[PDB]
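Okay, here we've got a single chain as structure tokens, the form deposited in one PDB entry, with questions on binding and movement later.
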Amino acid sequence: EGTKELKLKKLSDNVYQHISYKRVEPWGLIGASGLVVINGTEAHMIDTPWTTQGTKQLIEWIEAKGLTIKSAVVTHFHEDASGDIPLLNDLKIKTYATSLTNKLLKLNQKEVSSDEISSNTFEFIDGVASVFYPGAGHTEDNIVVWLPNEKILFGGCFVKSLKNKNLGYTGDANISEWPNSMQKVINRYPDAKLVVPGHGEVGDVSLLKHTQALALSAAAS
């Protein structure tokens, strides 16, 4: 049943969803997802849990399964994605972020990743996990992560849930660019079976189309 800070859902033998929540004004309590990807005896995080207690609990759970936590990738500079870079860097767990993410962490006096992604596509786990930068949307720096073996697309905060009626926090968003960036993702992953949004329920490829329509409606206003 998890802890008060962390829950885990199994998506496949090699892929777990890590789940946390926080109250964020003005939307109230919102749930946040990242992933744990298992490759033999090595495990990898996609986003940190939203609390340091949850990240420590997640590391304990990984190690108690007989796995080594090898690396993490953070999908944008906000705290729901990148909040525990300092902890992971302190544990000598490699952290990966794009040059744009590290620009925005540095701008906000936050610790940068240990390892910088300097291309639009990046093999985060060889044959298992691929980073793609689609362009600006939720933030300038947002990336998605594709798991080709399971056809799971981790959308992060660039993808809204199907039931979302708005884009959520747009203080750092590029509403004009978001639909074009989303079309790149739609075109690249027509074979996506599961799309994991940064907040809310997992779903199918319709989450991409929904998010594109939310961004187009936000520009209309």
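Positions refer to the first chain, counted from 1. Here the rigid core means the biggest group of C-alpha atoms that line up within 1.5 Å when the two forms are laid on top of each other. Residues that one form lacks are left out of the comparison. Compared with the form deposited in another entry:
- Among the residues 19, 202, 24, 11, the single one whose Cα moves by at least 2 Å between these two forms, once the core is superposed, is 24.
- Considering only residues present in both forms and aligning them on the rigid core, one finds just one run of three or more residues with C-alpha shifts of 2 angstroms or more between these two forms, namely 21-30.
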Given for the second form:
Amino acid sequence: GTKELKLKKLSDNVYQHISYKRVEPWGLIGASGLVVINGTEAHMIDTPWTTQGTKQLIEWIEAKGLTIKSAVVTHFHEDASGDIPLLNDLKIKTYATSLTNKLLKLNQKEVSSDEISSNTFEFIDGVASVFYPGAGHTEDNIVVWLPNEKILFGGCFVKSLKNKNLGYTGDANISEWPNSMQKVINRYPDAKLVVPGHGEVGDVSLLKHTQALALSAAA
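We have the form deposited in one PDB entry; now please give the form deposited in another entry.
This part shows the chain on its own.
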């Protein structure tokens, strides 16, 4: 890959995009989203962390001859929603919940072109569903389920196993996070792969691990 963007194949139709940003004292650290390929159409789950990441990702997808039909952003932070303005200009439909758009507007950022106004939403017909579990990392965080591959994109709602803490909790609801996570655990007993917003992909233990971190941060 490059200094800004790496692509990892997760299945025949599913890629992990890993975009890099210098965050001292760590150096270049990564944020994860997905590209979901549905015939000649591609869909973005989260934008890369930097505009240069997003431009390189749009180039990689288009170089396969695919049309980027749409993007869904999984929360209002820059590592999920950062390049809404670039996608809106390129006329790539952006989907965000009413809560995500409220927090983008509160923070003087451009809202999505298209608003999710239900707790569950068919993002790609038969391929990608959005679920709002309640507050955790942020008030607005959503997860995306890929039923064909048994892949759950948890985003920054889910921590990697190695994480000893919840990360940036400035926008978090630590008391609600465990109950929100129980709804995700209860909903996807069939999840084969869980993709956190940062860190290594894993199994459902990442859900239980995040719930435990939240229960401990509360106590």
